[PDB]
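Build out the structure end to end from the sequences listed, making use of the hints.
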Amino acid sequence: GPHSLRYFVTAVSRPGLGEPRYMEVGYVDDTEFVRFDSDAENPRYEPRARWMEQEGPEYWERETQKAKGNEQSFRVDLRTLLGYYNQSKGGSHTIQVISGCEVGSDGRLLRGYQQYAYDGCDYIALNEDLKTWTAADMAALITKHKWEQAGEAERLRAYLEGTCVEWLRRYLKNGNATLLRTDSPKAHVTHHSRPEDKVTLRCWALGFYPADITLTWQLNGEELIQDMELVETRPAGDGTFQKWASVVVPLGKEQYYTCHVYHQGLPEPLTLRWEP
Amino acid sequence: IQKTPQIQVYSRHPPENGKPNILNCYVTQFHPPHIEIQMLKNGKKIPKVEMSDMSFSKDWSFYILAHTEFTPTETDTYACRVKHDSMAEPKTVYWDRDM
Amino acid sequence: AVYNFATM
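Going down the list, the protein sequences come from chains A, B and C. For the first sequence, the working numbering assigns the number 1 to the initial residue and increments by one for each residue that follows. For the second sequence, the working numbering assigns the number 1001 to the initial residue and increments by one for each residue that follows. For the third sequence, the working numbering assigns the number 2001 to the initial residue and increments by one for each residue that follows.
The hints are all genuine.
Every beta carbon over 10 Å from chain C, so not counted as near; a handful from chain A, in silico:
no., residue
1, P15
2, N42
3, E61
4, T134
5, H192
6, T214
7, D238
8, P276
Ranges of calculated distance between the beta carbons of each label pair, as one might list FRET restraints:
no., chain 1, residue 1, chain 2, residue 2, range
9, A, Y85, B, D1076, 43 to 53 Å
10, A, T163, B, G1043, 42 to 52 Å
11, B, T1092, A, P57, 36 to 46 Å
Derived, one-sided and incomplete: chain A residues facing chain C with beta-carbon distance under 8 Å:
no., residue
12, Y7
13, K66
14, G69
15, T143
16, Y159
Since the hints were made in silico from the structure, they are not lab data. Idealized CB from N, CA, C, for every residue including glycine.
Laid out in structure tokens, this is it:
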């Protein structure tokens, strides 16, 4: 199995209310393990996973600092983008960024990324070659040159291919017992009456981890993917996920319908139907 | 751009009276990121509530989870009340043990 | 772990 390290960083100006709010959240494959929020009492990078307690007082200082550094940096960014878009100094705006790296099971690099956005829409992003940039609008077209001229691209690549893939392994080792685990999805179906002799059948899948799972409803061997309904997989508050998919079927004719659960911890896809 | 949240509420385990569980209020697909979320028990707000698992989508919309430990009862009613700039009124979503 | 972000 491949793995990745993703950073979600967000900056939000809030005029009249003080300095922007900066936050950083990091994940190693679906489990939050570190974070920083400028609005805590004492803004300090801190752990979100036990395995991260395995780190010396040093690590936590270098991060807390390079964090406070980025804070200033996006803080300047926000004002910069205001000139780029001829926007009012009075409005509140957002900068989102996601940077990180994926790897293969050999521990080698698979993919590296970093992309900015601004007030919810695409801004700039590092192409897959890790050498060129793709700018969304002409404002981002400027930042593109600043970085071309400052070799920011190769500066980043050094980071992705180096520091990023390396700590990924470190992490993956500190808490492999938590990150390389597989919790199997326990399932069941619920039944709900409806108008016009119709019936809604829901298929629940719980306590599973990796978040990646598939649910389908089948009738005589064909998946009714189109006349179905589901919810983006979700965290259940203890480090595992869950999902549900439902389908409307005619009353009295529901045992002709089955649910199919596809997950890493399921050697054999789960198959269930209703239990009157 | 603006996107209204999607307040989903749910527990970790299928609810059984007198058995500890976790209550979850996943708030997703919202922009701007400024949002306020409370968990209510019998109309009252619950103090011990954790916020976590923030993230964005390829779409750039925010997702954040709020959970809390708890023990269902038959009478007790749990809810998630969300406040965000895209609704002129606080939207509350209730817990459906039977969903 | 975290990167040193640049200015725009």
